[PDB]
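There are 2 protein chains.
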Amino acid sequence: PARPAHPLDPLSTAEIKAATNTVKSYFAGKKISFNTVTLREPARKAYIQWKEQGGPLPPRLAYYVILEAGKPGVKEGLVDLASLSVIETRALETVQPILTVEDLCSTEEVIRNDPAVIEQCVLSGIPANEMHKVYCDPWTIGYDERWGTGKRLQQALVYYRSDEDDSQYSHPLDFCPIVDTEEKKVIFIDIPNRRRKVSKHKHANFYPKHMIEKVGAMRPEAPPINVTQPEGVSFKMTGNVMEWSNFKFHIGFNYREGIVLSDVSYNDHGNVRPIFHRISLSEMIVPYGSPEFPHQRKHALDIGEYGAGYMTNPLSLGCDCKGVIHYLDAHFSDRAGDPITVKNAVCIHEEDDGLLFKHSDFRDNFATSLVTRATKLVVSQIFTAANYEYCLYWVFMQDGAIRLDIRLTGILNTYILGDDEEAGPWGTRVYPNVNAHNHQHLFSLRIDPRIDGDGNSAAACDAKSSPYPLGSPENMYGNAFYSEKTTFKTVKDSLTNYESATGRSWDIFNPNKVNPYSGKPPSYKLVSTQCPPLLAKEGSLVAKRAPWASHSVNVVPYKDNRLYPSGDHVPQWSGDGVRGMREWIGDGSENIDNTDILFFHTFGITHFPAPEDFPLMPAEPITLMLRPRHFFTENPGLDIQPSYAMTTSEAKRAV
Amino acid sequence: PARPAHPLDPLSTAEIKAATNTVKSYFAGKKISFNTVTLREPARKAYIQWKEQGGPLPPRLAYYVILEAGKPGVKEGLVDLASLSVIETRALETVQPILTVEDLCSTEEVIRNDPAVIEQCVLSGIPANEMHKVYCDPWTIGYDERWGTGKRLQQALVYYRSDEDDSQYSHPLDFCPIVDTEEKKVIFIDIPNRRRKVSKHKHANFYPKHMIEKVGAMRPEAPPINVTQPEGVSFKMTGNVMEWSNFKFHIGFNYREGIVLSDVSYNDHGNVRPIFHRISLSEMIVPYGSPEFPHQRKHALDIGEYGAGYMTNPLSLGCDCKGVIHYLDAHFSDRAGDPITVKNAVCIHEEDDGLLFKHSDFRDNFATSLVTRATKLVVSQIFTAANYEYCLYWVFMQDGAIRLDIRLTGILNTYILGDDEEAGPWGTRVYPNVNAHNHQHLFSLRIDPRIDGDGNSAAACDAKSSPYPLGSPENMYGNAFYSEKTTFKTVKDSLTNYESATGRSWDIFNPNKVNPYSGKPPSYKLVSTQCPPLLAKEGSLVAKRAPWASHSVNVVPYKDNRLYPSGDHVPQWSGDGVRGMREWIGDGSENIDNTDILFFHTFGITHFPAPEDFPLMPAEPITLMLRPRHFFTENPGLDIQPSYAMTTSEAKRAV
Ligand SMILES: [Cu+2]
Ligand SMILES: [Cu+2]
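First to last, the protein sequences are chains S and V.
Quick note: the first sequence uses my numbering, first residue 42, plus one each step.
Quick note: the second sequence uses my numbering, first residue 42, plus one each step.
It cannot be assumed that every hint is accurate.
With a straight-line Cα cutoff of 30 Å, these simulated BS3-like cross-link-like pairs (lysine-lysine) come out [to be verified]:
id	chain 1	residue 1	chain 2	residue 2
1	S	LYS174	V	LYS693
2	V	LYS112	V	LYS192
3	V	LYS277	V	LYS384
4	V	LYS533	S	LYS505
5	S	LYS561	S	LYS600
6	S	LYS72	S	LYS225
7	V	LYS505	S	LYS533
8	S	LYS241	V	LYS561
9	S	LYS226	S	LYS72
10	S	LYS561	V	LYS241
11	S	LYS363	V	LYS277
12	V	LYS255	S	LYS277
13	V	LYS554	S	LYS241
14	S	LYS255	V	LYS693
15	V	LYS250	S	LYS693
16	V	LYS241	S	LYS693
17	S	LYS255	V	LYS289
18	V	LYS255	S	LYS417
19	S	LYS289	V	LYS255
Honestly, the hints are just simulated from the structure, not real lab data.
Please build the complete structure, drawing on both the sequences and the hints.
What follows is the structure, given as structure tokens:
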């Protein structure tokens, strides 16, 4: 195909096709199907040389994952787009790949047409002639020791709608069909010892017509609040490259991680200084807390099992982004090797963010005063994973800080509850016969830093009282306290958790440089507090398949292609084996001090459902920030025009 | 005077005057001065009876604090405005009151004219004829065991401006004058053993003219982002009473706490349910961490030693509040007993707050979808405490949650640093010869709840893995986990801290009611995470004067007039004695389960200064929230008109 403007640009629909064509040719005569066709980003070293040392343009490569009918597992490899050839390929017969919307969408019809499933519905109080009202969310089996990776399986969380417009979640069924993805047939049905027939209650619906019926009527439309940017926006985009408030970076996107920000830097009044080479969400795990069979299989690693890209919502229509928006489209490949597009997958825009800073002198009753307002750049995406939606917002700020805001909304995963059955301690009865199980939403932020250049380190920062006691010459009044910096020398040293006791934060810094004022190295500080401990016991399915989740921080040596902490092919992996984070950690002895490192941060929330979350849940916020500390020698936004400003002398002139 | 519309309305300029006149007459022939004239809110019981049981209008009372020339301490009491008579009065000879801007504003001139002070300036390298270039921030002495409360004292943090438009903070002097407030004269000067003369560097300024000089020029004005509400706002204010999104409450204000929200309720579709009887910030402490003399004296309790009302900035001018704003004014009394007004002390308005909730069905490629945007109500104030500004935002949201957002900005407190002196572990060298000491900003949120009525309790909620181990019949895969609820029975039980290990949150609930769905009592959950431990040792000045700061939560029995946790008259109290929180706690044995309680939450941040905070610091955020959990039986904003909505059937018609 034709090369892209930038080496990190996602593959075009043409490159995708050229790739699939190349692969189909390689496997001529073989009945292959496409699971993934995505960009294989260039080597970190190659890229940087090209970008800053006049190095050559890296080869435009494509990474693929295919399935061959009658063959176990998958086959993966690389295609060198320029020469249209498969330059690397291999078969992984004992692994299962990410579930595309294509392998997922057929499942509902298959269980609907399965005699066994039909009998269970009838048993459950649903006539065999009404199977059209039976729905199901297709999930990976997650992991079921009965089959391992010997069969590509899915589990169907079954629900019932008395009307197509209903929200099915108030009416879950009690059984769980296991489906062979490839064979397209139910191979087993998990049935509870205690049977619970369909709820006979009205569905808990949320559309206006439903509401008008539920409560008298809808609230009157409210006076509008219109946002307008008459002279345009202040950011400038050159292809996928963004430019705003001295920040400059490339906005990428892929089937798995979704948004990928790269080559982030800041123009420090002429001096363009690197901050991060790449940053994104590399994995997740949403572990449920009911120990009852088969609920252990509910611990989805959405990024690696479905893909934040594959599940993304086209943003335009819903009014998700308010204001002067700038969109980006996403391109994948379908099962056939043909490009597929999802319009407005990413939405870019700037908004007001209140005050940036302010100060007035009390001496002239605040006449002397200066106010500068703040505006933030937001790069967003919103994806749907069956019942829930994850709204992601990468936020850049005018003080040099970068923040990740997430908002969880959508619908609670629900299971059936008997008339006289207690939601017990593992879940909440949010509606008659509905049980919403406890669960955690955990994310793994992957940061590849380049804080003010190459050669970085990480450290834990704990606030501490002076060791000297009250009344001592050294701490006479006992108010002394400082910040204890523990820089990680070895991988093992970094495996740390957030501690409230010390208001812990983590620094990613450049030990090769010093701030001329403070004397400290330049750095970006991770200020994250929503760091839940992994509640699943050690050695549990959850803990094993998500090795990265047991620690708030995991810092390992950089290596090309160390992206996914739970492994490259996550579905149905048992958790046994040295891959992903477990492999990168090794024996924990590798050096991570003043070298090229990778920082994986686990953050998230623990959800204990309340009726307020049903039938549709109000957004729940999660945030984390990376602030520059000792990076600059003074506040960097002081040359931004203030909103208001009166000098002391001027206040005098005004009389 | 004339009665106000609402019993909770602050005193009018008329009531203030009628009050001072009444006091002056009572102390006829005595040379008295006014320190405080404010509303003495009605008893909780009387107020409620009047509000909901047709009880009588409570008497309009005014609380005063006066000083009498030649008398030690102060005198306080109540005036029954209706009958214009002092109905209660008493003298506190061993106490010192809050510092008004009047007792604070004379200090700079007195040290300027003091011979001792002048000599120190000369010594420090500033000619005696340039004392007009010497400035000082007048602070409470805090507490100095050399004088106790025997004299009303202030300590002057001395600075130097080479030009009146300079920001003095880059040029602190090394000594600290002690001034007798009443006598208006320097009684002592703390001089360090190691002398450090005035810095000879340029001042670190931040006005545009300064910046143009510093860096080549200012950034070009940015394209505007205009916010317009053509058809008005959606909230309705009847006097101080606000009504918005089913919320209804009274917006009060006073010299000390600043904004005070009262009688908060929510209209649950016709059922008006109480939530909070009163909520506000009752005290603060900003303890510094340098153990060196006299820096122990830096631990300001701003609310009780200066007043969030007294220090508040008139909001209009600065462009603090963007959009269609509705202001409120504040009225206090000056030294003479004459009313004083600070216009636009509070600013009210509603803004966009992104998505409220959203959900799309993957079955018809998200055609089936519903999106409802969120708007929040903001009642704000911004006060200046010498060098820093505290921006306060009480936020009400459409899911029934209430949030308190704080943003810290302004300027770092700085002390002089020797050319070859290390800011050591206690502070940071943010600029040549400038040392910014470590410190914490802590706040005491006082909540008087009425969760869905009377008879409340509080509890600590901790996330826990099941006690049964991996492989046991009860937790076969080890994923089981729940929330441990520990409801406080006795005051002692409540003294708790936020714990990251359990992702702890606290519940204020009504044990007399039950959610018909979940079976739990109605409640509002405190989701707060920026809860720094008090770093000052026990028995320290800080820990003693701020009894409430040692715990994230303190729950005590309600009693009329239990407002200020550090006592009613905070300046110069040693911290020895049963008053404030220490008094309310008692032997910690009083019941707090299902009764009228008071919840004081300690939250804030620990500030380790970095050059980025100098010479003017970018806002630092702090937040805390109170969400309804089990209060409602379903999402309460479902009847808000969605921004977009397509039914499954409708998506079919659209073909
Ligand atoms: Cu959840
Ligand atoms: Cu601070």
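Are the Cα atoms of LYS174/S and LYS693/V separated by 30 Å or less? The hint holds at about 16 Å.
So if I understand the rule, the pair passes when the alpha-carbon distance is 30 Å or less; does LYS255/V with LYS417/S pass? With a Cα-Cα distance of about 25 Å, the restraint between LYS255/V and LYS417/S holds, given a limit of 30 Å.
Does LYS561/V lie within 30 Å of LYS241/S when you go C-alpha to C-alpha? 23 Å, holds
Pairwise hint evaluation, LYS505/S against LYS533/V, where the allowed Cα distance is 30 Å at most: 26 Å, holds
Are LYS250/V and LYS693/S close enough, with their CA atoms no more than 30 Å apart? Measuring from Cα to Cα gives roughly 17 Å; hence the hint holds.
Distance restraint between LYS561/S and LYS600/S, which requires alpha-carbon spacing of 30 Å or less: The hint holds at about 28 Å.
Has the given pair, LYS289/S with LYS255/V, been kept, meaning a C-alpha gap of at most 30 Å? Holds. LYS289/S to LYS255/V sits at ~24 Å (cutoff 30 Å).
Compare the distance between the alpha carbons of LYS72/S and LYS225/S with 30 Å, and conclude whether the hinted pair is satisfied. OK: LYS72/S and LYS225/S at ~17 Å, within 30 Å.
Decide if the proposed pair is consistent with the structure: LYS561/S and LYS241/V, CA atoms, cutoff 30 Å inclusive. 23 Å, holds
Satisfaction of hint between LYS384/V and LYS277/V, Cα-Cα up to 30 Å: 21 Å, holds
Need the status of pair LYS363/S, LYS277/V: alpha-carbon distance at most 30 Å? With a Cα-Cα distance of about 25 Å, the restraint between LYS363/S and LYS277/V holds, given a limit of 30 Å.
30 Å limit on alpha-carbon distance, applied to hinted pair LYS255/S and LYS693/V: 25 Å, holds
Consistency with the previously given hints is maintained throughout, with no hint failing.
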